[PDB]
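So this first bit is one chain, no partners, the form deposited in one PDB entry, shown in structure tokens.
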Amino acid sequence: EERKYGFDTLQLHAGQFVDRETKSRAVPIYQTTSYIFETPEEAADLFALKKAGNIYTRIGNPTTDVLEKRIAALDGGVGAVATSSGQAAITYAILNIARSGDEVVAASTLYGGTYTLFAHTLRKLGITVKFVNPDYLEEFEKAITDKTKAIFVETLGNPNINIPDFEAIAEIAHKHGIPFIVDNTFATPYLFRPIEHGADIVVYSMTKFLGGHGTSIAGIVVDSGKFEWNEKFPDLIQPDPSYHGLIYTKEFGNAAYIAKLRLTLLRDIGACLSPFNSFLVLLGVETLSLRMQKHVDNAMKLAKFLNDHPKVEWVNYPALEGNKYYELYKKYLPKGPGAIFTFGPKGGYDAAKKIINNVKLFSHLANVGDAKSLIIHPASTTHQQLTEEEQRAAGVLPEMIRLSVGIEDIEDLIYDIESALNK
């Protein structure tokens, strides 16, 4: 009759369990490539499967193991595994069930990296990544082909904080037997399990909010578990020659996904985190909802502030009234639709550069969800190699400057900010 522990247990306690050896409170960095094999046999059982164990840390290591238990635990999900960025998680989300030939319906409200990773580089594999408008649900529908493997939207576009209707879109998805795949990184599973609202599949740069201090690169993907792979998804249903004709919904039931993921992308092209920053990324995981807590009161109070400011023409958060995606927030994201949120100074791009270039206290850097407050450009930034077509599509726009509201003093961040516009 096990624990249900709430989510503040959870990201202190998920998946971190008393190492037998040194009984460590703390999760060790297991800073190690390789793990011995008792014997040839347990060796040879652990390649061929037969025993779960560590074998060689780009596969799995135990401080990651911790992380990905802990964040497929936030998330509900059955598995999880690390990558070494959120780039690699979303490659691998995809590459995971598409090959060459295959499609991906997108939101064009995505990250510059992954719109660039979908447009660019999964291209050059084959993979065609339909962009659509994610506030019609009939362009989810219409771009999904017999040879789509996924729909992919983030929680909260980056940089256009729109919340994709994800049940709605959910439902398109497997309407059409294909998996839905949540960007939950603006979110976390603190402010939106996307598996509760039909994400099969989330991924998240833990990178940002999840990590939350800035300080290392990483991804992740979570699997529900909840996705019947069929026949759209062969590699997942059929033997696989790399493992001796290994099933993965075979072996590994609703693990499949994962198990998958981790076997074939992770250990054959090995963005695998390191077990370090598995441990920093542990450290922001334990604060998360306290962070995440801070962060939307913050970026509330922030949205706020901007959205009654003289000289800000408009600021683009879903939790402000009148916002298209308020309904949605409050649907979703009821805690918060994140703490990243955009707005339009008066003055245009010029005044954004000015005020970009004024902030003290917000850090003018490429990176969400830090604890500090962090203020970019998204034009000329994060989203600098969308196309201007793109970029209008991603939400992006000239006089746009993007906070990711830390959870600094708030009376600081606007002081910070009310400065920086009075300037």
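Positions refer to the first chain, counted from 1. Whichever C-alpha set is largest while still superposing within 1.5 Å between the two forms counts as the rigid core. What changes on going to the form deposited in another entry:
- The Cα position of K372 differs by less than 2 Å between these two forms after fitting on the rigid core.
- For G348, the Cα coordinates differ by 2 angstroms or more between these two forms after the core has been superposed.
- Comparing the forms between these two forms, the C-alpha position of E390 differs by 2 angstroms or more, with the core used for superposition.
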Second form
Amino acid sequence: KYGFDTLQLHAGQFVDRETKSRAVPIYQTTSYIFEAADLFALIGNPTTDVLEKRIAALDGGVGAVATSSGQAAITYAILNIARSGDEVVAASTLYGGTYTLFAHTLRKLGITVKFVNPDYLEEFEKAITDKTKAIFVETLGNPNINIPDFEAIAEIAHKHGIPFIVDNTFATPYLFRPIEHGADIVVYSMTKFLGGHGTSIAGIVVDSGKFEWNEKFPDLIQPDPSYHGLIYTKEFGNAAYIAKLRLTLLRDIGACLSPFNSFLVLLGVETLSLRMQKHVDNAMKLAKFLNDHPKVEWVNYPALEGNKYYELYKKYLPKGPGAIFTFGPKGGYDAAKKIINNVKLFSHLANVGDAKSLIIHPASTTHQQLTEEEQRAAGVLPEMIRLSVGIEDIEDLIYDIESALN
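Go ahead and give the structure of the form deposited in another entry, now that the form deposited in one PDB entry is out.
Keep in mind that what follows is only the chain, not its partners or any molecules around it.
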């Protein structure tokens, strides 16, 4: 039973018996020489396999599959247990890319995603049908930074015999271990905080090994004709789901992570606890600064007294409810734009989860094509600025924003 800081440094890392190299070698190879039939009768990469086993260990899961992106990890997590004609219940407060994946791309493939408001538990239960195969929520939703009641939602999932999937991108295992709170599957965009340096697009699917695969999931308990009548729950025990994801979806769609990307993401995971503790300390200080400023109208961060999600922050995310929060300057839309155009240290771009501090005015950029009614419905107000708080000196971040506010 090693601590978090040991595990983020060492977990899944065997020493190569050829060279004995201390660093993980970059196995930039398409293929491997055979001993051959027993390999195919029962793919992967040895660099990636370290990152896979490391994330599994940090979340306390049985195994993981890395993918080329967060988007591909989400796609794979659903398509592994949902076929044409099936349904998924999802929180409405999703990442834009997740919404369009769910509402459009998947809908065309015959998977119907029913969006509910995650603050209302009755709405989850009321949306479940015979066809429903999973409940999906984000740890901290977009763009509102809402925290769902994980245990309550998990009780609903399990009562109906479906898995609970949590996208934990905004927190990482350092701030929240969804499997400790009823989650059966965890997904990340490792592109964001897990990777940490804005270098490498990557995703991963983590299986708890805690879900009893039932008659609602026949492809997991019945002969697979692609592997000559292999039963995943017989051959792979509690790891049936993640084995099937590798052997079917990674084999067939091939959203695979380059070993070079796995390598770079591992450099980030090596410092995860250190980066994430600095992220949250900086976010809370900057949130408390803006929430007392005369040029600021409102601040939306769960750790601020009065926020609807304050009691859910203290229960589920005691170390800090991520490092992303929104605020509204006084002066509306035109004031927000002046702030974007006057910051010198915050970087103006659409992404979150870099070591560097990030700013965006979604109403003047990402959401500019939509009406204000459409923007408000999507959780975007005219004055709303989103911060992704990096690991710079907090005095420099306060100075930069305070200077723009003036």
